[PDB]
Every structure is written in C-alpha cells, then in structure tokens.
Amino acid sequence: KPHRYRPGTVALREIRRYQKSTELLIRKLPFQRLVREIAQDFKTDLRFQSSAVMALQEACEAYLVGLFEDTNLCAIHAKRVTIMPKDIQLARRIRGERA
Amino acid sequence: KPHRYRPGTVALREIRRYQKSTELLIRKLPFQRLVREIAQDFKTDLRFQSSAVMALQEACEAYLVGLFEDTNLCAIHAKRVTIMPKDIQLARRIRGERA
Amino acid sequence: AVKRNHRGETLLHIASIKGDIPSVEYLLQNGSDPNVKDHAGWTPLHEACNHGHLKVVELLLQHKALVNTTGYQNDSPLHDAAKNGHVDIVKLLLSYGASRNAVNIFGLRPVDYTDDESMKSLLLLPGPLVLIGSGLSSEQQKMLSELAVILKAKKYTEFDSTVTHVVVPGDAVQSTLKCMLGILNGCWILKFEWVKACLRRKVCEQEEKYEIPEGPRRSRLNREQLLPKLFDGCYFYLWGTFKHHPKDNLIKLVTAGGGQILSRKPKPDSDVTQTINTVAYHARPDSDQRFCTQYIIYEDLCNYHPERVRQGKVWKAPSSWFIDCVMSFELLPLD
Amino acid sequence: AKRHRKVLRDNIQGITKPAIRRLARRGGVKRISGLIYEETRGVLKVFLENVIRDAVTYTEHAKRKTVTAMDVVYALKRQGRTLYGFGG
Amino acid sequence: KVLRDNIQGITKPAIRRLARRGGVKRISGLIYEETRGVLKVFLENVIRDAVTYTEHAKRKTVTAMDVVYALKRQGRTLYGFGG
Amino acid sequence: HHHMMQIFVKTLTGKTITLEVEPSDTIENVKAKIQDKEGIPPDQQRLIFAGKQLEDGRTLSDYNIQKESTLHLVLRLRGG
Amino acid sequence: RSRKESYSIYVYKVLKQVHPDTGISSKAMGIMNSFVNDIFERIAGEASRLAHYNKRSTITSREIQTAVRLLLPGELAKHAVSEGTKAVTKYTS
Amino acid sequence: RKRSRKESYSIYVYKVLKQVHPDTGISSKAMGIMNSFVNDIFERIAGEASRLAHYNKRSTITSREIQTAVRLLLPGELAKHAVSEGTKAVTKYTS
Amino acid sequence: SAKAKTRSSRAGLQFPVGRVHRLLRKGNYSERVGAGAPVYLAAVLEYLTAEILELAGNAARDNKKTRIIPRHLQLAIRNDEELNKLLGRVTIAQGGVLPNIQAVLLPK
Amino acid sequence: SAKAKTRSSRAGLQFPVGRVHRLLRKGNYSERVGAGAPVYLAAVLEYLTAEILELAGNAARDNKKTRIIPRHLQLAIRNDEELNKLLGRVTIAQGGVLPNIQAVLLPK
DNA sequence: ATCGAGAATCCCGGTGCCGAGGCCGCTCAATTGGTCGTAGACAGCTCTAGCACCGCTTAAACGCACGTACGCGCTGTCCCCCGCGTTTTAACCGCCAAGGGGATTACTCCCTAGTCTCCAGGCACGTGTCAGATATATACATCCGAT
DNA sequence: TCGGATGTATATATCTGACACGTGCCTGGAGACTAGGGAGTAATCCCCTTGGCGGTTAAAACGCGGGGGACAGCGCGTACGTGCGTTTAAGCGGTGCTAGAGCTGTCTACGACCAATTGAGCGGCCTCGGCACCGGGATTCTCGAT
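Chains as they are written, first to last, in the entry's author numbering: chain E, 37 to 135; chain A, 37 to 135; chain N, 421 to 546, 568 to 776; chain B, 15 to 102; chain F, 20 to 102; chain K, -3 to 76; chain H, 31 to 123; chain D, 29 to 123; chain G, 11 to 118; chain C, 11 to 118.
None of these hints come from the bench; they were simulated from the model. Ideal Cβ placement from N, Cα and C applies to all residues, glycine included. Just to be clear, a hint being listed does not mean it is correct.
[To be verified] Listed next, with one range per pair, are the computed distances between beta-carbon atoms:
| no. | chain 1 | residue 1 | chain 2 | residue 2 | range |
| --- | --- | --- | --- | --- | --- |
| 1 | N | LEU662 | K | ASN60 | 54 to 60 Å |
| 2 | A | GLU133 | E | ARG116 | 20 to 26 Å |
| 3 | C | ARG35 | G | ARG29 | 43 to 49 Å |
| 4 | D | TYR83 | K | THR7 | 37 to 43 Å |
| 5 | N | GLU748 | E | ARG53 | 57 to 63 Å |
| 6 | K | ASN60 | N | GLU478 | 45 to 51 Å |
| 7 | F | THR80 | C | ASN94 | 41 to 47 Å |
| 8 | N | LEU662 | D | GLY53 | 26 to 32 Å |
| 9 | C | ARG42 | A | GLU59 | 45 to 51 Å |
| 10 | G | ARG29 | D | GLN47 | 49 to 55 Å |
| 11 | G | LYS95 | H | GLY53 | 26 to 32 Å |
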C-alpha cells in the first residue's frame, strides 16, 4: 500500500509554492494564439510585438489572480471552502464588472 | 386583540415607498453638525456654503444606498435575509475600500 | 448627567462665560460639578479666568474646583490668566496653589505668554459601577456575575471605554491587555478578595483598601484630576513583527493611552521629525524625554540593538520598556 | 489666539437608527441586524473624512475660508464619485 | 485563414495554478469554463482598445505601448513595458 | 540643553559638520563657527532649517532649534 | 457683475426638437449642463492623450473620432461617429 | 539615419539607490518598473496641478500648485514628508 | 456647404461650434486645434444630449408629467444598458434608485 | 543660493530639474510654469523613489540578495500601508503576490 | 499522548555564463544672459450670504413589550473533487530564412495661429400664467385571522 | 375559500411660484488676410515579425479509488420587527450682524523668447562576479499505526 497524502495538503503545498514564485502560469503559445484569434475578430492581418503579447499575459494573469482572491473571499463568506461559479459572479458583480 | 402585520410585510412596504421617492433620508441639521465636526478636525474656523453641505449629503446617501445594495447581495449569498457587519465588510473588501 | 449644548458647555460653563454671579452661586449650591469639561477641555475656571471674572473665580475655587487641571492644548487656568493679563486672577490662583511651573504641549510656561513686568515678577519664583474581569476562571466569573446581578451593575467580557471596575485574580496587577487598558483609562483595579468580600458582607464597601499601590493608583489619581493621559505628546512607530504582544495589541494600547502611532519611520535628520515641537507632559521635568518624544518600539526577540539609544529626537525603545511604562504609569528613562 | 477654542463632538450619533434603516430600505434590505448601525456610522465617517479633507484642501488653495459646493464637487470627482446637479 | 477554439488552450491545470496563487484550496468543477468566459471578456476589452490605438497611429503592428495605454485607460496600470 | 548643545550642518558635498553652539547663539555666531571650522566666509553662507532660511538677527533659540538637530548650509557666493 | 456661460439654450433647443411638447426643470437643466461638461472633458482629454502619444501637436477630427470610439460603448459610439462624420461633411461641403 | 535616443530616469534612480543602499544593485527590469513609476507619478501630479490652476483661473503652475497636488494625491505621512522635501528643495534652490 | 450663415447651422447643429472651438483652444489640450474638431465634438455632444433627453421625455410621459425632473433623467440613464455604462460612476442629485426587490425577500 | 553649477545641485537633488522643467513646459499642462515648480516636483519624485528603493533594498537583504528584482519592489510596495494605497491600482510585471493564506484553509 | 517510515524542502558547496556597471565619444539639450509684455499680487470697496439666536409646532426619534421567524448548531448522506499513476500531446528551444513594415530623412504646401474690425447671439433681468403640489373624498386591492 | 382593517390609487378644486418668454446690450464669435511651421508624401534602410522543421521532454489528459465537504432536514432560542405612548429636537419663520466672497484698478516682478555654448547624458564595448543550476547531506512536516 503506497504512501498517500490527505486531500488538501498538496493544495496548500501548491498555494505556497505559487505565491512564492513570480513566473507566468499560463502556457505562452496557447495564449498567443488566443490573443491573435480575438485580434482577428477585431482587425484583419494584424501583427503583434512579442512585448505586446507578454504585456497582455501579465495583465491577464494579474487580473485572474485578483479575481480568484475575491472569489475565495466570497466562498469563505458562504461558509465554504470550495469556490463555485456563483462566487465568481458575486465578486464580479460587486466589483462593477457584471451588473 | 388589535390587528397586527406579520414581520416582513411592513419592511417590504417601506422598501417600496423609499425606492419610489427621492428625498434625503438623513436629517439635515445633524448631518450639517457632523460635517462641521469633521471639517474642524481638518481646518479651523471654516465656513460652508449651504450647497456644499447639500452636495455632501447627496453624495453620502448615494454611497450608503449603493453599499447597502452590495451588502444585501452578500447577505443573500450567505443564504440569509439579515444583513450583518461581515456582509458590509465583504462588500467593502471586494470594492477595494477595505483591503 | 446634566444635558449640555453642542459645544459641550454645561450650564455652569455658560454662566462662567456670561459672568452671571447669582447663576453660578445657585448652580454651585445645587450640586453642579465645577470640575466638568466641555468638548475642547475647558473647565468653568478656564472660562472665568480667560474673561476676567474675579468673583466667579473665587466662588469656583471655593467649591473644590481644581486649579491645576489642563484644558485644550494643555493650557492651565494660570495660562489663561497670564495670557489675557489679569493680575488679580493670577494672585488668587497662586494663593490657591496653582503651579507656576506647569507647561502646555508646546512647553511654554505662563510667563512665556506675557510681557508685563509686575505679573511676570508674581509668576516668577520669589455614575453606575461597571465591572469586568481579567482572565478569571469559571467560579470566579460566575461569582462576579452574581455580584453584578445582586448590585444591579453591568458586567462586560470584552474591555471598552465605559468600564469603571476591573478585577484581577492575583494580588499583583496582571500584565494582560485587560489590566493595561484598565490602568491607562484609569479604571478601578481591584483584587479578587474584594468581590467575595461584598458577598461576605452584602455591602459596597470601601475600595481604597483594594487598590494596588504605585501601579493603578497613580493612573486613577491622574484621571480623577482630569490631567492628560500617560503618553500625551508622544509618537510611536512600531518596527518589525511582534510575538509576545501583537501589533494590534500595542496599537490599541498606544491609542487608548493618549499617544499617536506613526506610519513612517522617524528619520532623525528629517524636517518632519525635527519640527515636532510638542512636549510629553508625564516626563521627568528636566530629562531628555520632554522634547524628545518620538519612539521606535522594537521587540527584544527581533534584537535590533542600536549603536545609540537615542539619535536626535528619536529613541529606540524595546517593547519591554513600553510594557513596563504602562504597568507603572510612568515614562521610565532609557538612559 | 487669545480667545478659547470650542469644538463639536459625538455628532455621528445624529445619524440615528431610523435614518440608517431608511437608507437600507432604499437599498432593498428587508431585515437588519442590530450591529449594523454602529458599523454603518464608522463607514460613513471614513467616507466623509475622505471627501471633506479634499474639499478643504481645495478651499485652502483658493485662499478661501468658505467651502463652496464646487470644492465638494471637485473632491468627489477626484475619487470617482462624479456628482451631477451642483455645478461643473 | 482564421483561428478558432483557442480559449480551450487555457487549460484546467493553468486555471488551478492561477487559483493557487490566489490562495484557493478547493475548486469546483464548473469554475474552469466560467473562468474562460471571464478571461475572454477581459481580453476582448483590452485588445479592442489596443487595436484602436494601433489604427490611430496608422500602424499594422500592435506594440507594447498600445497595450499599456489600453490597460491604463481602464484602470489597470502596468509597470515594466514602457510608459 | 539650555547650557550647551551639539548640532549638525549638512553641506551639498554630503559631509556633516559638528558645531558646539550655545542655545542663545545668533546665526551670525553660527556662521562664524562654520568659518572657524571650514574657512568659508560668512557672506557666502546661507542656513536652512525646516524649509526656511535663517536670518542673521534672530538667534537659534527663537527658531526653536534643539540639540543634535540638522541645519543645511548652501553657498551663496562662489559655490561648487 | 460677471456673466456665466452654459448649455441651457442648446439643450432646450434639442429638447424641443426631440420632444416638442415637454419642458424641463431648472435642476434637470443643471444636471444636463453637468453631463455635457463631463462628456466634453472626457472626449477632449482622450483626444489630447492621443495626440500626445503620436507626437502630434494638433487635435484634428480623427483624434476626436478615436476618442469617441474609445469612450462610448458600442452602439453609442457607432451612432456618435456617424453623427460627427455627417456634421463634418455637411460643414465642409 | 541616426537612431533616436530615448531618455529615462535610470541614472538618477541609480544615484538615489547608491545613496540609500550603497551596496545593493538593481536589474534592468526593476529599473524599467522604476522608470514607469516615476513617469506615472509625474503625470499624476502634473495633471492634478493643471486642474488646480484651471479651477482658480490661473495660467501658471507654481510650486504651491504642485504642493496642493501632492497633498491631494499622496496618502497622509507620504504627503507630509513629500511636502517637507519639496519645500526644503525650493528654499535651498532660491537661497 | 461654403456658407457664411453661422458655424452651427453650417454644420447643421444646434450646439455652438464656436464656443466648443474656443473651449478646445483655451483648455490646454494641444498646441493647435483642427478646423473640424469643434464641429465633430459639437455633433457628438448634441447626439448624446438628444439620446438622454428622448429617454427622459419618455420617462416623464410614462409618469404622466409634462416636464422633466432629475428623477426622469435618472430613470432614463439607469434603464438604458449603455447610458448606464457611460454614466455608471455618476450620482445624480435628487435622482433616487431603480426600484428592485430581490426575489428572495418577496413573500412565499 | 542662486548658483551657476546646475539646477539639480543648486536644489540639492539627484533628479533633473531642467528635464522636469522641460517636461512641464511641453506637456500641455498650463500656459506658464513657475521657476519653483520643477524644483518642487523633482524633490517629490526623488523622495518617493528613495522611499521605494530603501524598502526594496531591505526586502532584497531579507532574501540574501544584493540586487533588486521586481519581486522585491512588489514586496516593498505591498508591505507598506501608504505605498500600497498610492499604487493600489497598479500591477507590477514579474512581481507575484504577497504570501498569505486564509486561516480557515489551514489544518486544525 | 507517542514513535517511525517516506517525502519534501532546505543547506552547503562547485561550476559557469551573461547581464550589470563602468568607460569613452559625441551631440544636443540645458544653461546664461538680456529684453519685454502681462499675470497676478496687493489695496480697497460693495453687498451677499453664512452664522447666531429665539420661539412654536409637531414630526420623528426613543423606550418598551411581545411574539415569532430566522440564524445557527447538529447530524447524516452521497457525490464530486483530490491525489497519484500512466500515456499522449504539443510546448519549448534552437536554427534558419524572407520580407513587411516601422523608423528616419528630405521637401513642400496648406492649414492654423495671430491681429484687427464689426455686430448680433446669448446672458442678465423683468414679468405673466399654468403645471404641479396639496387638501379632500371615495374606491379598490391587499393582508391576515379564521374559516 | 371567506370577510373585515388597512393602505394605496383615482378624481376634483385651487394656489402658487417656477418655467417660459420678451428686451437691452455688450462681448465674444465671425470674416478677411498674412506668415510660418506642422504634417503629408516619397524614398530608403534594416529590424524584427512570421513561418518552418526537428527533437526532448515538461506538462496536459485520462482514469480510478476514496474521503471529506456540500447540502438538506430538524430543532431551539434569541433577537429583530411591529405597534404604542412619551419625549426630543428638527424644521420653519423671522430678525440682526458681519465676515468674507467677489470685483476693480495699479503696477511690478516674473516667465516667455531668442541667440550662443558647452558639458551632461545617451549609445556602444566589454568584462567580471551575482545568481542560476546541480548534486549531495540534513532537517522537518506528514500520516498511519500504536
């Protein structure tokens, strides 16, 4: 019978190691493709500086991390530990993004 | 045995009559005194235009009504009907006022 | 008590400003407290001295009106009398024991507020019972509760402003937030054998036999004369992370003690730090701590031992010194 | 200053519990806990202290002794609280 | 030629990493899709501004300063890419 | 204090000059002391305290300068 | 004395165009003036920033058009660009 | 055909750093963030000062409009210390 | 058009092209101001004013009042999904709130 | 002092008083710019820079580093109560977040 | 309570590589000196509107009593997230190759600022009347205890 | 379901003060003309963006067992809503006083502007040591079994 960790300790392990670090957590090629897809929906035959895509990724990941902090607060308010889509919706509603 | 309304119907009655109307809900002399007390804490022997105090009251009541809307949303999230100080704190935290 | 106007002035106040001699006499004979303070700190004596009502001053001082009590900006009645140039009021105040060497927050004696030679020479040297406990166990807490419900008194579990009586289990004063708040706000610190004493006698007997000497005694005396708080005029910057007493504990205790919490580190060679011209009232008369009132409080566990204890106007004090000052109600020198 | 200085104090209690209840009813709140009122007062104070301090900061710059309505409007606009109906 | 369904390249592991940096211990299974939707909106709001700057400069390359201006224009000031 | 105090004067070069000045010393006396210590003529000196310039007539104590408090010295004639 | 300018008569002319029979109160007209000034400041500030970014010293009508595209939400921006373009072509021609 | 030289506060930030911390260095990305910070605060203070001059019908930005903008923008102790430093620099310059 | 009637009518507008031109020139926005910038800006301002005024007049008629008050402007702005996006950080004096009661609080 | 050395050294500063003066003159802020506005603004900017750099160098020493990286600027800004309020709506590239976990997620 | 095995992270030392920190040439932007016109500082005067007080009316706040509905704790179930192992996909890195389009420079013209003259558009003020507020009386819809 | 008790909506007079319109006028906008520099256009260079392979391997995807957390039901008790009688002080109106906002007029000092010059700061070279990476030994959380 192999060794096994209880559900929740590796999650805390990951919380600590991803709050210590500062790299980007999304893969770069898929995000670049997503950026180009949205851009082609706006204007055709666009080119991007690599710095432009890197700035977009910085902004997007900062936004998502902040939104997940607010989502966690909303989940803890409802006396829960799991974050649910309604927590995201309440956070966005209060920040003035959803209405 | 006199007639009596169940707890909650007069509350809805008041909700409707205060959302139909547009007057100021705080008494004006106490609010003016509060404004002058804070101002004296900032600068001594200040005078106020009556329009300045009226603008301050407009802004304060609009702020409090919006904050109570967000507080009610936070209370309903926690599967409650009663608004509690922790709902105010969560609302202010998510709006970026509390941190 | 008695209702006041929006500026905090009691009827005795308004009578003192208006100089109504029959009104002040009638109010005094009716039980009106002469040692009341308005919202800024002024007593009726301050108003009488500032305007020049000699007879009002005499009646007030007759009715146990404290003459050394400090008003707004720690002005004393002698400060008001000398600043407005009322020689007879100065004579009366000195005859009634008002100190000529007291100072306000700016460290200015009454002499510094005048220039008249004669009065300069005269100035020159020629309530419900609120109960609360500190770390009491089950039987003790229940027995204070039963005393509360037999004396019809309000007992609290968390400390707040209107507390009057604080009960300590041991003989000495406990070094906990409960007793520290009690001593800073001047509450009555009573040993446990006091409360059971009432249960043994069924009477609200004397409490000066149950007051710890040289500890809460000085604080209670200081408050009963309406003098400033212990840390009045002192600024504190809390540097580092704390383990024994948390940051919130120290901040709350500082604020309740009359001090002010600084948010930036007090660089000694900075104009903001140098230009703080306040004076610590409860310091030694001639120590460095009168004008050097800014402290950097650090915990001994962090162990940032400075090269010099004081540099400029800024001391570097361990949190142990701060706690010891709070327990003893005294600004203990760091040199 | 030779004359005494007189100050106001404890006027936040002039924002009574019925007034907070009316402000909550306009906000759609059906039922209110008893600890809201004090909480609300604290919140209000902070808000006011942030606006007045800016308004006075404008008033001092114009070398005025009267806080006009335009000072309040500017102070509100400065923190994302644009107010229509008092000028500007 | 066009690109499609690249939002699915923001995988579930990446969303859980972003949640872990946010301090989240447990994640409901319906979060990920929700998150993707949110992300799309944010991205569409920024790129639309960035491209609008790019068209005004009469450029055909979107530069990092277009993105910086687009983010600052909606209260998301970004330090480190110029400006 | 009130008998003898030790103050500092900061120069644009970054060096700190230590002066033993009486609390009742005038700014002219402080300039003379700086001249003795460094050789700078008093006419070329301007003293700054708390974002104000110090006048020659008024004394140190009336400017509320305590012990171990820092002044600033700027050259008015032939600086650099 | 001193005379102070306002958009009251223009707002009233527009109101008589769109609703020929209704009037407007003094407080609503004050709110309308505040609205016009607010939007003017927004669009002019964005146009100024646009001209500064591209190192232009002139605010032309395409800076105003780009500012309108950046500030107004979708259909509002579409119709406002249409109105501005129509006005400029009618004025020039 | 020469390249266009671009300006930055890199040397000034490095001088300030070698004042406060004579031994520590700084990387290129940290200097980029510091230049962004200086530019951001410059436009904040200058825009507030411009609005202050427009409100009072002044056609000049003087040092007291910069001072009021600093008081309006920075939080409490930061504003107090920044006002102190600005005043000392201005008097040091004019004296 | 190449007319000399007046710049507002030349553009076909009711807002003042000349006043907008002066406000742009003297407002510290740029060194120079193009000839068509005031025309474009006045047209946009007039369009937005007409949008809000039409919605407010509809609100006034629905309340069977023949005069617009701040309540009608508030209702117009908050009920349109894009005027509420443009004016979402704006409080309107004597405006009130949109009447809504969350469905949870209604009687069963 | 009214010297001739340079305006920065005359003011006692490291930041450029002349460059700040030009940026104020060319930035479309006002018609005129006083002679003491660049000095005051450069002093304020230098003070803020020194604040952030001192805190960041402390954070770099705590990590046993002798070179400031964006992580240390992030830590310095977020750990300061007033700098976190001045830069509340600012994201710092390659900066990360402050490590803190809500107390209800920790094991009992 | 407690020890003991398995993972995870940290500490200490060795190697290397590339970016930070300093040097050198040069050019262009900041500094110096003089002139000029006007912005704003200062003094004075007007008159508005902010402040203070007083008395009366009554609306609103306050205190209390009662009852019930809602918050909160507890228990039990079950399902769905987590942790871990294995397989598969495609990110990432290194490399090379084209060429589009971003910068840069030179020239030119035409668009806008600046000045002056002139006059009507819009602002302040004065005045009539009617839209909306308020009082008064019924009428109907809603709530709730009791059928 | 059923019928009182009640609160809100609908209809009529009527009063007022605020909205809409008219008038004098004066200042700001418009028309004409001139000069100069900003911006449009053309041409060129070369950077840096896009596209393509090939390999390696880090990470994503899939599956499964199980435990812990979400959620529903239940009971209690307490605190909040509702209503009534009492008390407070807000609101209104009116009078009286004066500080200070607001405007006008001189007139001086400061900021713009222009020409000349020269050193500060930027771009390019480059070189070493700070930090990254790796590899082994040591310590410390973790968890299942007593």
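Results of checking the hints against the structure:
1. Checking the proposed 54 to 60 Å range against N/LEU662 and K/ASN60 shows it is violated: the Cβ atoms sit about 33 Å from each other.
2. For A/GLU133 and E/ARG116, the hinted distance range of 20 to 26 Å is satisfied, since their beta carbons lie about 24 Å from each other.
3. Distance hint check: the CB atoms of C/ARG35 and G/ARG29 are about 28 Å apart, inconsistent with the given range 43 to 49 Å.
4. In this structure the hint that D/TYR83 and K/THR7 lie 37 to 43 Å apart at CB holds, the actual value being about 41 Å.
5. For N/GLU748 and E/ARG53, the hinted distance range of 57 to 63 Å is not satisfied, since their beta carbons lie about 40 Å from each other.
6. About 38 Å separates the C-beta atoms of K/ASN60 and N/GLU478, a value inconsistent with the hinted range of 45 to 51 Å.
7. Distance hint check: the CB atoms of F/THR80 and C/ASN94 are about 36 Å apart, inconsistent with the given range 41 to 47 Å.
8. At about 58 Å, the beta-carbon gap between N/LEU662 and D/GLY53 misses the expected band of 26 to 32 Å.
9. Taking 45 to 51 Å as the suggested C-beta distance range, the pair C/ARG42 and A/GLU59 conforms, at roughly 47 Å.
10. For the hinted restraint 49 to 55 Å between G/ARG29 and D/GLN47, the CB-CB distance of approximately 52 Å keeps it satisfied.
11. Evaluation of the 26 to 32 Å hint for G/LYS95 and H/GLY53 yields a pass: the beta carbon distance comes to about 28 Å.
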